[PDB]
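Student: Got chain A sorted already, so can you dock chain A' onto it with the hints?
Number of protein chains: 2
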Amino acid sequence: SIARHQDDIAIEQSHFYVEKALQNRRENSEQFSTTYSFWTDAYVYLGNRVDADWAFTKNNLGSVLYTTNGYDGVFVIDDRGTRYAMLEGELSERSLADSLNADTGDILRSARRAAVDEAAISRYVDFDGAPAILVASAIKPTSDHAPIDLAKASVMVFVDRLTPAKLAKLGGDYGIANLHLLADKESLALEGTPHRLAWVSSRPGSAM
Amino acid sequence: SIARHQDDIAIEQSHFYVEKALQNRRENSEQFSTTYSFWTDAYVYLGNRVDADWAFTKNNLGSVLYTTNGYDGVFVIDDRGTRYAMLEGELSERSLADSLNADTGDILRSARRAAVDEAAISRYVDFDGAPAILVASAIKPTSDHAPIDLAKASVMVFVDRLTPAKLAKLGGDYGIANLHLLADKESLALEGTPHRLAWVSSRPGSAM
Numbered sequence: 039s040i041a042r043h044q045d046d047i048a049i050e051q052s053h054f055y056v057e058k059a060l061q062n063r064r065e066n067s068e069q070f071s072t073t074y075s076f077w078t079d080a081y082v083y084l085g086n087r088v089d090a091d092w093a094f095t096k097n098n099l100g101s102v103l104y105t106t107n108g109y110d111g112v113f114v115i116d117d118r119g120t121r122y123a124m125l126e127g128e129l130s131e132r133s134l135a136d137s138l139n140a141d142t143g144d145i146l147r148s149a150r151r152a153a154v155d156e157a158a159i160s161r162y163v164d165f166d167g168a169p170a171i172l173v174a175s176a177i178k179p180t181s182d183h184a185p186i187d188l189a190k191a192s193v194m195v196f197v198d199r200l201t202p203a204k205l206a207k208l209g210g211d212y213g214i215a216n217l218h219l220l221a227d228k229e230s231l232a233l234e235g236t237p238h239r240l241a242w243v244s245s246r247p248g249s250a251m
Numbered sequence: 039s040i041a042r043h044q045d046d047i048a049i050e051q052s053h054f055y056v057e058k059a060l061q062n063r064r065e066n067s068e069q070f071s072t073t074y075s076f077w078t079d080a081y082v083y084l085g086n087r088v089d090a091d092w093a094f095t096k097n098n099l100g101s102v103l104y105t106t107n108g109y110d111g112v113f114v115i116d117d118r119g120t121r122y123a124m125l126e127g128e129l130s131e132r133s134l135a136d137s138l139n140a141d142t143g144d145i146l147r148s149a150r151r152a153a154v155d156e157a158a159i160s161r162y163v164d165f166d167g168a169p170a171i172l173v174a175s176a177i178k179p180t181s182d183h184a185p186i187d188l189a190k191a192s193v194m195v196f197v198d199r200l201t202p203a204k205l206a207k208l209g210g211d212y213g214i215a216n217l218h219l220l221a227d228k229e230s231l232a233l234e235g236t237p238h239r240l241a242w243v244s245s246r247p248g249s250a251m
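First to last, the sequence lines map onto chains A and A'. A prime marks a further copy of an entry chain.
Mind the numbering: the first sequence is residues 39 to 221, 227 to 251 in PDB author numbering, read in order.
Mind the numbering: the second sequence is residues 39 to 221, 227 to 251 in PDB author numbering, read in order.
Each hint should be verified, as a subset may be incorrect.
No distinction is drawn between identical chains; accordingly, a pair holds when it is met within one copy or between any pair of copies.
[To be verified] The calculated DSSO-like cross-link candidates involving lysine-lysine, where the alpha carbons are at most 27 Å apart (straight line), are:
1. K58 to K228
2. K58 to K96
3. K207 to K190
4. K190 to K228
5. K190 to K96
6. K58 to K204
Simulated from the structure, these hints should not be mistaken for lab results.
Same shape as in the complex, but just chain A:
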């Protein structure tokens, strides 16, 4: 019983699908993160003292995470701070704390707590001045193992930097035209970052 402008309904659907594009992507990464962190061998080789031979040289948590999966940043963090860093597929001594506006200890605690329900955490971050999706899950062995103390559990962090091409492809996956970072056009703020995502206010859907 309520009619709407063609240009307006376009704008409303287009916001819904950009937001869905971010939520679906973020939620798939969460499950990816638990797949790598709820892993007995990971707990063995990264839970205390990280083995960069097993992780990077033997490619159990290595460059493929960037070259295939798109995680610009892969980290292992504990109470001391960043224990493993792989930035664009290459090993780094750079900390997560320097790479992000978010706090290492907040992400550590949030991830340790949701591991009790077998869940990961996620949020948006500023990563080297660009928008990014962050997921993290506690490094935990599987149920056959003895009960560990999650309070000292190390946490795995995957950072997905929303570069121009990835954003471009992301919009196409959801019927959005010219999804980009904002330097007439729709936009939304990425909460937790200084960045806004923008696109042309049109009818989302097929090319047709």
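Tutor: Chain A' alone, transformed into the frame defined by chain A:
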């Protein structure tokens, strides 16, 4: 310069987003599959003779794949046939060949061939009389290992059965109302299956 019926444009967008929902889901599963199959330990423990202790009892390829990730069927196949089967998180001696309308050897060869480009395969199947997404990738060790012969490579298969609840949640993720299996309403055929997916012909987008 071309105007359209409100009911018609709704129908066109709704098809686009159901098709996107299947494509995005299928493509995330493909990358999930290579994450588990392009894995040196997997090649060691599943490439010849499957170790159900390492796979199921030690939860390296175990029930979590169903209870968390949603893969109703997890298989390891070689030239002899099904070497490992986990159906709804529980170990089975049932073959993939009995579970699907698709052919074990076609899926084996397709997956072996695309492993050369570091890719997986995917398609829709009839799984116990229900629609399903199938992904598969060759079990291969990582680049540091010596060149293996993919011609004898075993292949990992993840089957995602599109049950009522999963379909229901899938539609909500894309703005579709009442996405269901077909026993007035829109529908599309799942090519490679006898099944059609149906939904109410309305304006896809937000609840608003």
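Student: Compare the structure with each hint and give your call.
Tutor: Hint-by-hint comparison with the structure:
For the identical chains of this complex, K58 and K228 are neighbours both inside a copy (19 Å) and across copies (24 Å), given an alpha-carbon limit of 27 Å. Taking the closest pair of Cα atoms, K58 and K96 never come within 27 Å of each other, the shortest separation being 36 Å inside a single copy and 36 Å across copies. For a Cα distance limit of 27 Å, the shortest separation of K207 from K190 qualifies neither inside one copy, at 39 Å, nor across copies, at 35 Å. Proximity of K190 to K228 under the C-alpha cut-off of 27 Å is found in neither arrangement, the shortest distances being 47 Å within a copy and 54 Å between copies.
For the homomeric pair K190 and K96, the shortest alpha-carbon distances inside one copy (26 Å) and between copies (22 Å) are both at most 27 Å. Taking the shortest Cα distances, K58 and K204 sit within 27 Å of each other both inside one copy (15 Å) and across copies (17 Å).
In terms of the numbered hints stated before, the structure departs from hints 2, 3 and 4, listed from lowest to highest.
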